[PDB]
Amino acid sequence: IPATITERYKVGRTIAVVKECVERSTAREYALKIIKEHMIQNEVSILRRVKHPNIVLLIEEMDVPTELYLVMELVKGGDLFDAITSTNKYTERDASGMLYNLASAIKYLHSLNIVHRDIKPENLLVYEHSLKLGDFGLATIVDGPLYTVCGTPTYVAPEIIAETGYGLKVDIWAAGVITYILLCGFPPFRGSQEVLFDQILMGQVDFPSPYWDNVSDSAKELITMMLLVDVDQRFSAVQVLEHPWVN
C-alpha cells in the first residue's frame, strides 16, 4: 500500500519485498524495496547521507506505521560475483577501472568516517555504459575502535580476526582481496575454517606461477600495499587513487 509513491512512480514486477519501479518524470527505472529495528533505522540513516556515483543510491524513503518504502537505483548488470564466474579473470585495464570505482566509493565513505565492512563481490553491482557498492547493513560510523568480527571471512582483514580493534582501513584490505581475485581467479588467502584465519593473520601476499606471470609488477606492488598487516602503513584510499595502476 503506497500512495504518494504511486503518484511519482509506476510499480511493476516483484523481485521485505522488491519490485521494479519507473520514475514518471524521467522514465528511468528504479527499484522499490518494501520493508515491514534500530539496525534498520541505522542503515537508512547512512543511505540518506551517502551520495556518490559508485554507490547504490537511496532516492527517497516513505516511513509509515506498518512498513517502510525505499526507492533505490536499479543495476541490471548483476553483482561482481556472477560476472567473475563467467569471465574468471579480467585484463589489467578492466580490473584497474573497477578498483578505480571501488576506491572512489571507499574514499568518499571514509571522508564521512563511515566504514562499510561488508565489501565483497556480491555487494558490488556492475553497470553497462562501472561498479556500485551497496548493502550498508554492516556499515557504521567509526566513533572509536571497532571489535565486532563480522563479514565474509575471505575478505576480512587480520585485525578483525585478531579482535584487537579495527577502523576504516579494513575496507582497503577487502579492496585488495577483490583486485587480487579479479586478476588471477582465486583469493590470496584460501584455507581448507581455522586454516583461513592463520593465512590472513600471517598476511603473506603471494603471486603464484603460471597465473601471475603476465600481470605487471605495478599491480603486484599496489596489491601488496593494500594487503599490509600494519594498519598504519597499509594504504589509504587516497594512496590507492594516486597509484599509477589506478591512473
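Positions refer to the first chain, counted from 1. Rigid core (definition): largest C-alpha set, two forms, superposition within 1.5 Å. First, how it differs from the form deposited in another entry.
With the rigid core aligned between these two forms, only one of 201, 68, 44, 184 has a CA shift of 2 Å or more: 68. Annotation for residue 22: C-alpha shift of 2 angstroms or more between these two forms, rigid core superposed. With the core held fixed, the Cα of residue 7 is displaced between these two forms by 2 Å or more.
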Given for the second form:
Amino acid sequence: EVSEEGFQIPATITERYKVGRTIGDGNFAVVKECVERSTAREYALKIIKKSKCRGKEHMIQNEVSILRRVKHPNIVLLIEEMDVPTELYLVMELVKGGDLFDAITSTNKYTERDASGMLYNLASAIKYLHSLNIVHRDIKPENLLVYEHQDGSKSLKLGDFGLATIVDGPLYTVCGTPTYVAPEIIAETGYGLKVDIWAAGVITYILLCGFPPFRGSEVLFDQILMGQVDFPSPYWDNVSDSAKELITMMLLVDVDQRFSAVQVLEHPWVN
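For comparison with the form deposited in one PDB entry, kindly provide the form deposited in another entry.
So it's only the chain below, everything else dropped.
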C-alpha cells in the first residue's frame, strides 16, 4: 500500500487501520486521519520522514523516547509506534479540532475566560512534564491541538515532542521559533525547564490581543533579551490587571523570578 506522498505504509498498520486524508503537516511529518478497523475508532497517524545519511543508514530520533513516558489529558497520547528504515509511524490520539495556529488565524483573539482556561490546560501539561524533568522546547500554537468536548467546550492538548529532552543540568542547544524563544536560549548562558513558561507567556499574550509581545522590525532578539512586555492601547485597555500581571511574571528575563508551572496554576487569573 502506497500513500499519495509515496510512503510505503507497513502491512501491520494497513491490516488494523484504514488510513485516511492528510489533516495536518509540518517540516518533518505528515499527519493523517485513520480508523481502527475492529472498533471504527478514529486515530491520527503521524508519519515522520527520517534524516538520511550517506550509505543505507538513517539517523536515529528522540521523539518516541519522550512520548513513551508522557500520559496526561492535556498531552496527545501515543498509542503505538512502527519503525521502518526510511520513516517512523506513530498512531496517536486524534484531536478533531485541529491546531491552535489555525484557531488563532480564524478567531483573531479570545476572551479572558477562554484564554485563562487554555492557559490552565497548557500550564497543567507543562507542570506534569517538568515533574518528569522533561523540557518541551517547541511550545507554540501549531503544536497545540484543540480538543472539542461533546457540549461544545474546548481544551488544549500539547503535541509535537520533536525537540523535547530531559533537563539534568543546563542545556545550550539553540533551538525554537524566534517569536516564542526564551532570552536565556538566545543568550547561550544555559537554560532549563522554564523556557516552556516563557513560550506559554508569549502564547497567552497572543490569545488576548491577536499579536505577539516581541515583534521586532536583530530588533526581535534585542526585544527578547531586554524582556520589556508592553500592553499597547487600545488593544489591551479592556484586559484585566490580573491577566497582565500573570503574563509579566511568565515573561521575566530572570529565570529564578520567572514563574514555575506550579506558580502559573496558583495565580488567581487561572483559578
